[PDB]
Each structure stands twice: as C-alpha cells, then as structure tokens.
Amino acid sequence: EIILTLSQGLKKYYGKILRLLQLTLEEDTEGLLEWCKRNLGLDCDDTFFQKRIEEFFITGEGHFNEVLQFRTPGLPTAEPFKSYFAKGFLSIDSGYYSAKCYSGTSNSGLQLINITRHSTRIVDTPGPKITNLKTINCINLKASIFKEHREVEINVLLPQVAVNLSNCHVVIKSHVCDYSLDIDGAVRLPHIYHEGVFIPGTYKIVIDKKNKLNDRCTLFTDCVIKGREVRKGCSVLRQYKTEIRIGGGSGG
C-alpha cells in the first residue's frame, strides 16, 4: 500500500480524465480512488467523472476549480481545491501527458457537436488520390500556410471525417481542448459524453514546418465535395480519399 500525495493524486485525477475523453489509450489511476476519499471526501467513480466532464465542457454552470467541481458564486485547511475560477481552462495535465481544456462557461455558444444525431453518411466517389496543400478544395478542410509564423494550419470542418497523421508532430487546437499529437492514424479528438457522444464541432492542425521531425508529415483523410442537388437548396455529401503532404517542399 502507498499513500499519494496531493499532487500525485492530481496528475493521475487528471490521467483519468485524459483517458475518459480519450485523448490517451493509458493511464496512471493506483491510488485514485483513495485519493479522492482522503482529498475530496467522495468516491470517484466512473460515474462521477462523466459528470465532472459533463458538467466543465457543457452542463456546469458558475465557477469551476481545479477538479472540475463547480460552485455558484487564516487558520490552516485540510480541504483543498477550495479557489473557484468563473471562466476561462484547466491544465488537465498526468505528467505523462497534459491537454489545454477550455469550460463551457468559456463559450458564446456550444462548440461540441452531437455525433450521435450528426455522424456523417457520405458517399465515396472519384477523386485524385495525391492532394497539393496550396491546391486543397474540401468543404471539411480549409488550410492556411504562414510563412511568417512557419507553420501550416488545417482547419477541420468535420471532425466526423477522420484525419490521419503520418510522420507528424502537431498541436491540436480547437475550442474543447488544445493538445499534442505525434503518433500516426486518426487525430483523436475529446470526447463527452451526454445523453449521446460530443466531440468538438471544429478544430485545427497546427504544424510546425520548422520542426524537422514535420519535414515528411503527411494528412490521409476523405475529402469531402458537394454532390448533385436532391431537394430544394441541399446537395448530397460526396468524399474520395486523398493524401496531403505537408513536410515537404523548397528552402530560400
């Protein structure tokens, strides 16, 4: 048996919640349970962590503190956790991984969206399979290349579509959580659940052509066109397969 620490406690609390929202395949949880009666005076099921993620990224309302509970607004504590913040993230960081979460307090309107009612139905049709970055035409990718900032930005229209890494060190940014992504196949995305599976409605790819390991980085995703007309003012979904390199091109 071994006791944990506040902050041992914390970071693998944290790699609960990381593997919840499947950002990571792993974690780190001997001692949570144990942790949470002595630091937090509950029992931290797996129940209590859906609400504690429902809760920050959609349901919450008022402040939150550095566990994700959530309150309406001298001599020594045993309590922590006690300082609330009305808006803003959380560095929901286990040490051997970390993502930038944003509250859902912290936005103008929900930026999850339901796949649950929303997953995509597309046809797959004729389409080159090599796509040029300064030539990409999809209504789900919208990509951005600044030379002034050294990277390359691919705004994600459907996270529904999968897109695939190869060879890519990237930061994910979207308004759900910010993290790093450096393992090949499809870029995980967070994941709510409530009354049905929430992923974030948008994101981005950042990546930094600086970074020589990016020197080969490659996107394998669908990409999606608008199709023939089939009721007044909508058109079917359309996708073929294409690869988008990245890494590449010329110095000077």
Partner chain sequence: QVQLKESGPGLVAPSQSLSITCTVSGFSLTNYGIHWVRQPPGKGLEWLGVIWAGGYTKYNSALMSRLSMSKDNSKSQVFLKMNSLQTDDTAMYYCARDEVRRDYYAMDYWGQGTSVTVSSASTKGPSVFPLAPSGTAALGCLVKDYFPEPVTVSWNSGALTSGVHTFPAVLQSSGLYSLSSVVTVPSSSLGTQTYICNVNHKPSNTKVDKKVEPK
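We call the rigid core whatever largest set of C-alpha positions still superposes within 1.5 Å between the two forms. Numbering follows the first chain given and starts at 1. First, how it differs from the form solved in complex with the partner chain.
With the rigid core aligned between these two forms, the listed residues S106, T120, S98, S166 include just one Cα displaced by at least 2 Å, namely that of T120.
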Contents of the next structure:
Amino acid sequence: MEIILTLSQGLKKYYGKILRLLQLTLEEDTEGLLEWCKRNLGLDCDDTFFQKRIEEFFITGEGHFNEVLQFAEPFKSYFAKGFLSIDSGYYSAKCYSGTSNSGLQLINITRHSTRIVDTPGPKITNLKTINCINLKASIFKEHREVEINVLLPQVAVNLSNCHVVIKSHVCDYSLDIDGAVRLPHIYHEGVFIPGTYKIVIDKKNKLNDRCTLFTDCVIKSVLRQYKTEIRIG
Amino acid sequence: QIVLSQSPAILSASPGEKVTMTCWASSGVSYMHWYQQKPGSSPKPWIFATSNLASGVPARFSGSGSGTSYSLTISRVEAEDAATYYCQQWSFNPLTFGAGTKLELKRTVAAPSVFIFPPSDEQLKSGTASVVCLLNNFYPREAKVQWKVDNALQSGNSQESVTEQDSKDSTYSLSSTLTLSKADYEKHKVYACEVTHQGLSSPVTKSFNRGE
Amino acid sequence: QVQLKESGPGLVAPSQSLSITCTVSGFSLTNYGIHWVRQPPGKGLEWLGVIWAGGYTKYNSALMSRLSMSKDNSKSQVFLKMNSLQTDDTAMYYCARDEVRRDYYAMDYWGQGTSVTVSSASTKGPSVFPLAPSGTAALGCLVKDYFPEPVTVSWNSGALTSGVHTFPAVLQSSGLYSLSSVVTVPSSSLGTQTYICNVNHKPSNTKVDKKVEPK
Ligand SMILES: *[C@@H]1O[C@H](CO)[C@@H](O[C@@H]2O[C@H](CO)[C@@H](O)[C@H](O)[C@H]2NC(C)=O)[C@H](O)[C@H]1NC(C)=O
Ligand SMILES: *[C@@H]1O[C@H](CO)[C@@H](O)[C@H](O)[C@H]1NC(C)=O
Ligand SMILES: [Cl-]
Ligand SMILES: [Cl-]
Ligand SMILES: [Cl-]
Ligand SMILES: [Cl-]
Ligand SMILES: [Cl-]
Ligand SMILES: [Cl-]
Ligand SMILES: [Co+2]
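The block above covers the form deposited without the partner chain; next, return the form solved in complex with the partner chain.
Then the entire complex follows, led off by the chain already shown.
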C-alpha cells in the first residue's frame, strides 16, 4: 500500500527536499520519493546525492542542466535558461545556476566572522537616513515600493508584519512569516549563503502598512553594532 | 492491495448498441488503464490514464472516471469488439488488475453445420477409437449434442470443446468427441451424433456405419 | 518496431525454479523498464514486478520472497527467476515495456506470452490423427494424449487460416490433453488442393505434419 508518485508528483517532492536542505522551508514530504528516484533517475537520492546536486547547480556545475539539477527517459532535456523553478507545491523558489552568474555570488559563513561588538545607539533608525553599513535602502515613491539591499547577510534581518520578495543571485522567493529572513544555504566544503540580497517591500497594497525591520545596525576597522528597528509601512 | 471489481462480468450487446462497463476500486486511485484481450492473444493497451485512447483504438471507445469508480463505454458496439476488457490501477503498489468484463456480441440465430468423423484407421491400430462430431459456426452458443451407438444413448464417454466467439460473424463452433476402446468400437455398427439447437426446426442427426 | 518475446520452459517441477527470458528489439533496455505480468488459466492478470531502465527492481509484495529479476543490456534481455514453485504458478507469463509520461506510467507494448505449467508429471508428445473429409467439406486433425499444454496447430504452414477452428484442449481422465483442429474448405477443391496440419508440441520437441485427404 505504497503510493506511486508520477513523474510530476515526485519532482515536486524532489524539489521539496531541496528547499528544506536549502533552509528555505522547514518541512518536507518525501513519501514515495525514494522509489520515484530509483525508477526515474536510476539512483538512490539520499542526502549525499542531494547535497551534491545542490553544490553542482549553484557552484561547481558547468554546462546545461536538467530539471533535477544534473549536468523514453525523462530529464534528458538539459536547460540553458539560467534558472530552475524549485517548486514543491507547498513553496517555491526561482533559483539560478552558478554557471549563469558572473563568478561566485556566495560567501563562506563557516569561516570565522569578524566579531562585532555592541555599542550604544538609537533603537529606531529612519528608512531615509540609514547609517548602518549592512543595509542600504532605496524608495521608489512612483511605484510605492521600498528595496532594502542587505550587504552583510550574516547579520540577521527580522521582519515583523511584512510580506516581501527576496531577490538574490542565488534564489528569488517570497516571505510572508515573521522572523529572520530565510536565505539559501549551500554546502560546499562549508556553509555558503548569498553575498548580498534585496528585500522588496510593496506598499501598493495595505498588508505592508505595518511592516517593520529589526536588525543590528553595524558601524565602523573595528566593527560595532546596536539593535535597531526600521519602520517601512 | 487495491482490489478492482469489474461489473458486470459479462456484457451481452447487439451491434449498434451503446454499452458501459464499470471498474470499482476498493480505495480511490488517480487514473485507470484499460486493456483489450482476445482469446489466444496478449492484453492490448486500449485506454491510457482514464480517457486517452491507445493508437489504433476506434473512436467509438471512450473512458471516464475518478476516485473509486471508472468506466469504459462503447458508443455503438461492433462484432469485432467481442473480447475481455481489463482495468488496471497504477496509484499504489502492487499494480493490480480487475478480473475483466467479457463483452459478448448478440446476432441473429444461426444453425450449426454438423459433421461427423469416424476414427482413423491409424488410431484404431493403436487400440482407441475417437469419434468427433463438429458443430460449425452457430449462434447462440447453447446446444445439446448426444451420442447414439446402435440407437443406445451414450453417457459419460464424450467430451465437448467450444471455441471463443468469432470476431467477424459472432458465431461459435463446438466439437463433441466420443472415446471408446477399439474392442467396444468394433462391437457396434451405427454411430450417430444428434444435435438440438435453436436454429434447427428439429434435431439433426449425422451418422455412419462402421467399416462402410 | 518495438518487439518483446518471452522464452521459457513449458514444464517445470514444483521442486525446481522457473527461469524465463524476455528478449526485446526496437528499443534499448537502458531507456525503458520491463514488467512481468502473468495470467493463470481462465483467470485474470497479476503483476509480478518490474526492472527499471537503471537496473533497480520492484516486486509484487505478495511474491517478493520467491521472485527476482535481472537484465543484460548488451543482450537486450530481461530475466525472471521464481523459486519455491507451486501448482498455482501455472500461468502464461508476459513481459511488457514500461512507459513514462508526466502524469502517468503505462505498459505500452506486450510480448505474446510464454506458457509455464508447474507439475511433477513428465512431458508427452501428441499423436496426430487425420479427420478425413467425407459444397463445403470439413476436415481436421485430432491431436491426442499430450502434456503439458500448449500445442500450436497450423494448416499449410500457416497459409490457410480462413475457416480454421482449433478447439481449446480438454483434460482427459488420464491426465493428458487432447484437441481437434478443423477447417472448412470447398469440396470441389478436395481432389486438387492439399491440406496438411502442422503440429508443434515444444515441451516434448514433437513436430508433426499430417496430410489429410478424403478416403
Ligand atoms: C569555508 O571556510 C572553512 C573555514 O574557514 C574552510 O575550512 C578550512 O579549510 C582549510 C583548507 O582545507 C583547512 O586547512 C582548515 O582547517 C579548515 N578550517 C575549518 C574550521 O574547517 C573551508 O575550506 C572553506 N570552504 C571553501 C570552499 O573555501
Ligand atoms: C532577530 O532574530 C535572531 C534569530 O532569532 C536573533 O538572534 C536576533 O537577536 C533578533 N534580533 C535582531 C535585532 O537581529
Ligand atoms: Cl507530489
Ligand atoms: Cl508551490
Ligand atoms: Cl495495490
Ligand atoms: Cl459508481
Ligand atoms: Cl531506445
Ligand atoms: Cl521489491
Ligand atoms: Co487412415
């Protein structure tokens, strides 16, 4: 009484595992996935296999790639469009192959980070006058949008009552939950995350009217920081 | 396992009629395959994934369904459609098939042509006598064939075999074989098979005299 | 064209194992899985298992203790082996090609099937006797006392098919099978046209041609 996943159904679960390993999602549905892989890929898609697929798609892979991140039978049509819609049916991310990027667009967070010491500073920071070196903001009044460019992604940015789109050279995706901005994590002899990313806040709706950012305001050399809050809505 | 129950077991239809056969699954499945099988041949893919006709399948066929209930419909039946149709699910391991719906074609009554065959001299030399009565190309399938040896009705020493329905004219054929030892065969003179069938206005007897 | 052909032993003893081969052409086993399906006499179809293009297997859990499958890509052959054989393993065995679509799998090409009888009885070849014809005449061949099923019967090397009726075999009280094959022909042709039945019982390696003529 084992369920049989069709080609399409299993691909969604295959992507769902990748999204969980990337840490963009916290849950996964893998019922029937292993048989789907043995049948349609001719291999065991265990954790080592998936880690190699992720490493290759985002970093080491070169040439055309297929829908299952490999570089009659399915998955023999290798793309050159630069991205895959990693789409589980429960969540989705538009993810760009490392070959489509002008070099490496990631940072190795396994290396010891330059430690940042606490320092007194305003609990509120204005969106129009950000002194924090980890964040840069652009307001587009014409289209009622705010873009926050996060330049030190290792410093957590927590969203409160926000509905945003994350743009990066790694993946683009939407976030509708409170808490620290989730970022793709790629294992390649260590943990890697995007080197920068953009938070896009649309204010042309009402649901961002209370959107607020909480982060460490990093200032300079020796690095210093203090808790601050940036109201967007 | 998913149990597939096909109903009815036998569909009898005249040419031109619309017929529907049902495949009920013990639990819901996402699609249903159908296969056609004629006697002596392998199952032939007929409908893929509930409603997609396999290449070469006539447009008079269609499939439909969902969940626990699927069907195959023939909009206007034709003689060549006589066959057994199996459903099959691919949603759960193990893959399972229904036991089949046998479509039987009706036609106007056709009387059998009756032939009788004495034992061959070669078989007699080896000690056994087989007498064969042949009923050829008849409908309906029901028929009574009794053996008379010297006008004595025989019991328990004959066996019948019936062909499957003909795909072109929807008829059947039947053999009845009387088996006797050489000595018993040589004890009597008149060997007759008497045939009763709906297409005959009275029973027809074919006979021969041994050695004559 | 895509083709599949099963080959196996027509008779196997209950103590032995059953080995059957599926030889394919018109496609590569590196790209297509192969299923085995069986059909006991007068009974419905039962899926046995599959060997996928990549070599991994999946068996019916009701018989995975006794069934195994393998393949030889270079020979275009897939193999079935079944052990601990029981009488109810008597069936026609088919291989069928696996097909993958986005929203379903299918079994899109089937072999002709190979017959397997599981019994401790010995093979026996048939005796072939003429059923002599005596506007339409009937003649035939009696194919008697053989084991196991099946026999193939043709007429005139398979050139004569119109009017042929080869009857399902009957099980005699001796445990041996018997059938007749008959054909109707124009009586005007009986003096000039020749009619020969060709009988093949592979389990006993019996091949017989018997000319049937009026007495
Ligand atoms: C990511 O950073 C880690 C930590 O700096 C690197 O791990 C080091 O790798 C070197 C080279 O083999 C070793 O000599 C060190 O002992 C490692 N240190 C630790 C703490 O693991 C890792 O190599 C980096 N990955 C990449 C791809 O550059
Ligand atoms: C944001 O969330 C992270 C993770 O829960 C936490 O460590 C941090 O203190 C929070 N606040 C700020 C200002 O980053
Ligand atoms: Cl799914
Ligand atoms: Cl989705
Ligand atoms: Cl099942
Ligand atoms: Cl219903
Ligand atoms: Cl191929
Ligand atoms: Cl298995
Ligand atoms: Co003779």
